[PDB]
Amino acid sequence: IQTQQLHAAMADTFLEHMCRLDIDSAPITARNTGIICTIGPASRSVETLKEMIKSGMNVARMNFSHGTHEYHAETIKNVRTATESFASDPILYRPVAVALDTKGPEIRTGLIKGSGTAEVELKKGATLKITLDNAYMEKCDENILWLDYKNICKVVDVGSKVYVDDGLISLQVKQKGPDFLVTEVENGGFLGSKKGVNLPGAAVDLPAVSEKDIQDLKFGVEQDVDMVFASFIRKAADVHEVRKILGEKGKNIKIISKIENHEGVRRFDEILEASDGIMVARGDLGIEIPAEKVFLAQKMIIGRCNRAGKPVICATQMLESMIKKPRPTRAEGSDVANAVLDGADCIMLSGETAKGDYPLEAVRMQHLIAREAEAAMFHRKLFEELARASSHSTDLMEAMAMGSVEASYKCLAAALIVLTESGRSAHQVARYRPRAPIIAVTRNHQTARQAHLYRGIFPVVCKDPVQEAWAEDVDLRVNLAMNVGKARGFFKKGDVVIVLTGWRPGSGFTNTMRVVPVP
Amino acid sequence: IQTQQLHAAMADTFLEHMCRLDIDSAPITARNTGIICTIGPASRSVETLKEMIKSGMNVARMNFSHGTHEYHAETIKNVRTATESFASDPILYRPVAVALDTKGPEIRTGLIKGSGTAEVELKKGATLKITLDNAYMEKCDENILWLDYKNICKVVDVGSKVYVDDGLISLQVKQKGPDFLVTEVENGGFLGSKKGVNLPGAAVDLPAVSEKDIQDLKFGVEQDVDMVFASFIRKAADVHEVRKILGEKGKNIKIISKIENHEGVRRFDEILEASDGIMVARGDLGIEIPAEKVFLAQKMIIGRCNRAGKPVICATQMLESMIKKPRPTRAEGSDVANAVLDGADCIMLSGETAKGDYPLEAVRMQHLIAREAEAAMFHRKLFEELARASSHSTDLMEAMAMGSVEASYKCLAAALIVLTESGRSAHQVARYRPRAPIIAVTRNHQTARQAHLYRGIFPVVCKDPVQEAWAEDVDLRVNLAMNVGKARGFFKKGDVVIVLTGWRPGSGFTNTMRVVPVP
Amino acid sequence: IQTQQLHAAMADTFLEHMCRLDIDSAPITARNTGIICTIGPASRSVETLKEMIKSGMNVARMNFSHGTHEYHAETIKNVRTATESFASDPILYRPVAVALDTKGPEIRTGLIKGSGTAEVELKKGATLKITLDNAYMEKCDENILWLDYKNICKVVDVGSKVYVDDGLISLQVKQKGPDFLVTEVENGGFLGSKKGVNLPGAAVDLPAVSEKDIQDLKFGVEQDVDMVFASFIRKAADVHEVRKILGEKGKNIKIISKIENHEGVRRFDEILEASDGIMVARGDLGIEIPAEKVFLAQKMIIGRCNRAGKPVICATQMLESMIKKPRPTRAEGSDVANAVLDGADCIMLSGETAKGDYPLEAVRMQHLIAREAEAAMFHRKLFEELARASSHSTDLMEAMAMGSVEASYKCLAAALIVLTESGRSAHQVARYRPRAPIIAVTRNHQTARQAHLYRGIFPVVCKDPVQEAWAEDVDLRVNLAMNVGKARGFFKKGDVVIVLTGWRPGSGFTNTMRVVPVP
Ligand SMILES: [K+]
Ligand SMILES: [K+]
Ligand SMILES: [K+]
Ligand SMILES: [Mn+2]
Ligand SMILES: [Mn+2]
Ligand SMILES: [Mn+2]
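Residue numbers (the entry's author numbering), protein chains in the order written: chain C, 12 to 530; chain A, 12 to 530; chain D, 12 to 530.
Possibly wrong hints are sitting among the right ones.
Treat identical chains as interchangeable: a pair holds within one or across any two.
[Claimed, not checked] In silico SDA-like pairs for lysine to any residue, Cα to Cα no more than 25 Å straight-line: (1) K366 <-> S96; (2) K246 <-> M29; (3) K335 <-> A137; (4) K421 <-> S402; (5) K114 <-> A342; (6) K140 <-> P337; (7) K421 <-> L26; (8) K392 <-> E417; (9) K187 <-> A146; (10) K392 <-> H18; (11) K366 <-> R338; (12) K335 <-> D368; (13) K503 <-> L407; (14) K336 <-> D346; (15) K336 <-> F201; (16) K304 <-> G314; (17) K114 <-> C164; (18) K135 <-> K366; (19) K65 <-> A53; (20) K366 <-> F230; (21) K392 <-> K421; (22) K335 <-> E132; (23) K421 <-> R399; (24) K65 <-> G136; (25) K421 <-> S518; (26) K335 <-> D152; (27) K335 <-> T138; (28) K134 <-> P337; (29) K185 <-> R338.
These aren't lab readings, by the way, just hints derived from the structure by calculation.
Build out the structure end to end from the sequences listed, making use of the hints.
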């Protein structure tokens with residue numbers, strides 16, 4: 012029984028490829044899919060965080076939908092402390108990106124009575140009066156419910172449905188009002204405090220970038236975050252408004268547009284070009300459009316991102332049950348596998364690691380499945396189709412990338428070492444899905460950090476000062492990579508490896524490729 | 012925006028196909044994936060069952076892992092009552108298969124103290140003594156645990172792991188014994204009563220067909236079940252032992268081997284040939300082998316079954332969360348979609364409909380997703396690869412099937428009407444995955460019933476007596492199908508439809524195909 | 012209107028590719044298909060030869076089926092004189108290979124009366140007596156015909172057919188004899204002197220390597236020919252007998268087995284492995300087997316050679332009519348195009364350049380068509396299928412080759428510069444059919460010369476002494492290539508180019524590849 016599902020790799024057709032998957036075919040050590048973990052109570056701890064890093068964490072997500080700047084400021088402080096605790100050995104140090112998740116134009120209810128279980132009980136068929144009067148802002152009963160969206164009455168006529176708390180509870184507007192709405196509970200349940208509200212099929216006129224959002228964004232720039240996950244991007248315009256706030260200083264912060272509404276899906280393409288990467292926000296998306304259609308959008312978005320060479324993230328409830336159990340459900344297990352198979356650059360945990368009882372177990376599980384799923388990819392067809400997809404381009408780096416991935420498949424290289432400062436060279440190699448890991452060695456820390464956004468890139472930060480002789484500085488970097496790999500168990504002395512470097516210091520792209528043995 | 016994801020159907024590549032999926036492309040009314048619902052407390056009711064049928068139920072699963080013959084006898088009685096309640100109109104009557112799920116060579120614990128919450132609490136690190144003494148059979152403490160597997164000590168040495176309750180709780184044998192084992196709780200939790208036990212990597216010497224199993228099987232034959240889902244089939248031999256018990260009388264009961272252990276996966280092929288269909292028992296499978304590998308086995312088994320033309324079922328925890336909530340999680344939604352996309356003939360609910368609070372909602376959800384996912388298939392490539400896969404065969408019915416599916420894709424037929432008595436003709440048409448529904452009209456009830464096992468076949472039972480003139484009897488049957496379709500909303504007058512019939516009464520296969528308009 | 016038929020290159024299917032061919036899409040300057048010209052009266056002249064070289068000649072074929080060693084000795088002398096006349100400028104000097112074509116186990120008639128038009132007239136239905144008596148060796152009438160095959164009577168029974176002069180004339184053995192045969196003229200015609208004779212379906216017992224052949228072979232070694240086109244190779248054994256005569260000295264002379272009989276086709280594979288390259292000797296082949304089947308053998312042999320990475324030649328009557336006219340027939344035009352499209356490494360002229368009235372025009376015509384046809388190839392599918400074909404191999408140079416060709420397609424490189432001494436590296440790159448020209452720079456002259464055998468390789472001989480510093484010696488060679496290309500009009504300053512070099516002097520293969528701009 013070969014390994015890395017290679018027997019299936021040799022398949023002519025998909026059905027064949029599929030038929031040849033072997034549960035006894037061991038995957039390699041490198042896990043190419045990036046793992047984004049949302050930090051919170053269950054993971055705030057520096058010690059916990061250190062354990063997260065060791066378990067596979069690559070990006071720490073700060074969800075500004077809750078918490079105060081003071082809060083996140085410390086969260087970020089801890090992840091950095093945790094990260095740098097390994098900063099010792101440059102060979103074992105693993106960069107960890109910091110991402111700020113916008114609390115975009117979203118609707119939420121107020122606080123519940125308090126002594127009513129902090130959770131009322133809407134009965135299937137009961138009447139519920141929605142109010143905009145800030146008085147009941149923190150006193151929500153089974154009859155009174157306050158929400159922060161003031162113009163709610165300016166866009167919802169009688170009959171329309173208003174969902175609350177991850178669409179689990181639905182309400183039908185029975186009667187309109189000036190600053191209130193009386194509705195009928197359709198889906199019963201126990202309403203929580205300050206839960207999310209969805210107005211599917213409704214021109215919600217909240218601003219792409221709210222006032223709070225501008226503050227949060229500025230905050231992120233000052234706190235040097237590596238990327239922004241912009242919530243509810245519904246058009247290229249929104250992305251631009253966001254990029255603007257980040258301004259000249261936040262200039263290098265990668266913007267990841269989140270697709271969570273029907274318009275965003277409908278106007279995906281312009282949003283894609285305007286953005287640096289995309290996130291399939293399955294959560295709100297599953298409420299704004301029929302749940303049974305979310306998979307369509309996912310595969311379409313991942314597909315189109317893969318084609319465009321832009322990072323894409325699959326997010327929300329992937330390992331949901333693990334918030335309370337140490338093992339995920341069969342559906343959750345397959346969900347992760349398929350996202351990787353779909354082509355997602357990164358998978359995410361949020362809740363499973365933010366406030367669940369098994370943050371570490373959840374991270375480990377994603378790491379395990381990804382590896383397993385990655386080997387299961389149909390690399391040959393993938394590469395071929397990816398190639399046809401971009402045939403109109405004749406970019407030199409692209410050519411280098413494709414030539415390298417090709418070569419790597421052919422001699423089954425142990426890895427591809429790419430020396431890059433902007434990261435472009437490595438991104439490009441990742442675009443064409445090699446099977447082996449891509450060790451990108453850079454002296455730029457933010458590059459190393461943002462690199463996680465790309466499938467297969469395993470960043471390494473060279474901390475040695477530039478050597479006088481270019482040739483030497485290159486060997487220096489290449490050797491660092493050779494060690495990281497040997498240490499990380501990616502390959503041992505003797506294995507073959509592809510190496511991409513520049514021609515002169517500060518080259519435009521890695522124009523040089525060579526097959527080399529591991530020292 | 013076309014429908015049935017047809018724009019994507021026109022794709023040249025997968026990435027393209029993927030990129031073209033449209034959430035606004037409406038699927039057709041017919042849902043080709045069979046839905047198997049496990050019956051229990053939450054669904055025992057004849058009235059509930061009638062509602063299940065209307066919601067999409069196609070096969071009622073009786074799980075003999077629990078309950079008494081008296082119990083199941085009544086369950087079966089009710090589903091039949093519920094079914095026949097529609098027996099009135101032959102146009103609206105929907106056949107419903109009865110399946111018996113074996114309680115194979117499985118290990119279970121005994122009953123818990125009772126006043127201890129009927130659930131003890133094993134603490135992470137605590138010591139737990141496993142006992143075989145039938146005295147504690149119904150008195151299991153946090154220190155005493157009884158299990159029904161007597162030879163457990165004859166196959167588990169010190170150090171080995173023993174999982175309990177869907178592998179959520181793990182234990183490590185610290186010390187051996189004659190009829191007992193002292194272990195250390197690794198994964199804490201609240202042990203329930205009579206929970207399943209897994210000895211991954213352990214030659215469990217329980218018999219393929221136990222003594223109780225022989226009784227249950229005989230019972231099923233006398234109760235005229237349509238199929239048997241044989242648990243823990245680990246080799247072709249086991250299937251044969253099973254087929255034997257069913258004997259001459261149970262001769263036509265389709266045997267569905269369940270793959271739940273590592274050996275069954277490893278010896279899949281012989282098991283496949285020996286069996287009529289297969290079930291991917293994700294539950295035990297996810298405990299016997301690493302969870303992160305279950306997807307590999309699923310796709311491999313579905314792939315190989317599709318190739319072999321034998322029915323395959325995807326089962327366990329697909330819509331798990333719906334046991335308590337009215338809406339499934341994003342992962343569960345995608346899990347179902349992917350199983351359909353994987354090629355599974357049938358999807359299953361067990362727990363979601365056996366004892367959960369939303370049996371109907373769960374059935375409806377599967378029905379919705381399947382439709383959605385079915386349109387999303389890459390039919391062209393699928394058909395092509397399926398064809399290459401079986402090119403060595405030159406079977407006449409196969410040729411007819413392929414010719415028909417081909418024709419159907421080309422003129423976008425509304426459906427394929429197949430007159431069959433054994434069902435072979437329709438099975439064969441289903442083998443080559445047409446996009447449209449396959450209306451199989453038969454006078455044989457058990458055929459109609461078992462037909463659900465196949466993707467796309469929508470059985471119709473002709474209850475009119477055989478007509479004197481073959482030509483007439485054919486039009487009779489064809490017209491019935493034409494009505495069912497018109498009634499069920501599959502097509503209206505004018506639409507095109509492919510019709511496969513025999514040449515003489517009692518033909519070997521439907522050798523005649525013709526494009527006809529809907530009257 | 013793009014160029015190089017690139018719009019068609021982008022095609023998904025063949026029908027598409029085909030449909031997109033554009034007569035207004037200009038091909039590039041480099042002509043990848045090697046052109047082999049048979050030298051004779053019409054081309055013996057050093058001045059004519061110089062003109063041949065300028066017109067495209069790459070290999071000069073010496074046909075030992077006629078002429079004396081003294082003759083060929085001078086022919087070879089002249090081609091060399093002609094070649095070296097350009098030896099001046101190493102940038103414009105074009106290597107020209109010398110090939111010796113064996114006069115294998117072939118049958119020929121004697122001389123005709125003389126005053127009978129040096130051509131008798133066999134009438135359809137007349138009787139003709141074949142004789143082995145050396146007396147009529149130079150006195151052949153319409154009744155008497157002598158042939159050099161002594162054992163002709165030991166393998167041809169009454170009824171069998173004996174063809175004469177390119178099968179244009181057929182005869183049926185009416186009666187047997189001891190040293191004679193009386194036959195009936197079936198196909199009338201004007202018999203010439205010393206014409207070829209074919210005994211299709213007859214165990215002709217002539218030796219693979221005749222006595223004269225051993226002399227001719229030894230002669231070729233002493234005259235340092237680059238390759239031997241071995242006539243009538245009917246099995247691997249024959250090739251070996253040939254390689255043996257060439258012995259230790261002729262050790263590096265490439266042996267090209269000629270497939271001209273039914274056995275050679277039937278035992279092709281062993282012949283292929285035993286040989287260095289193959290020649291589709293359409294001439295005799297079209298007489299030994301039905302003419303209407305020759306195309307089958309051609310495509311099969313070219314196909315299998317392409318797959319094996321061994322040079323294949325398409326030969327005989329490609330531009331036949333041009334022996335007397337300045338323009339070829341429509342069929343001849345397409346014949347050449349298709350041979351190139353078939354995948355033939357080299358096309359040949361023999362007669363068109365040996366004794367026709369338009370040697371130069373014929374060479375120019377092949378050159379024109381090849382270019383045109385080369386652009387018309389379906390490179391993408393070709394590369395993909397070529398890759399699948401050899402997937403079992405994991406050769407490092409192969410990987411480099413494939414990676415490079417891939418890269419070259421992607422950025423539409425102007426050419427691939429390969430520094431090689433044995434030629435292996437360049438051969439390998441040619442194996443995977445890049446679209447651009449392959450400039451192989453070598454210091455080995457015989458390598459440069461034999462390189463023509465491979466599609467796309469444009470040899471360049473570095474005549475500068477090895478430089479002290481490897482790095483320098485490499486740039487030296489690379490720069491030479493850069494100049495040849497600029498001079499030859501293959502590319503100008505700025506264009507992109509792929510460069511393959513070794514890692515240390517005398518490397519095993521070019522393990523280094525880099526995209527570089529033309530200085
Ligand atoms: K948020
Ligand atoms: K069972
Ligand atoms: K010859
Ligand atoms: Mn959101
Ligand atoms: Mn089971
Ligand atoms: Mn010949």
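Hint check, failures only: none
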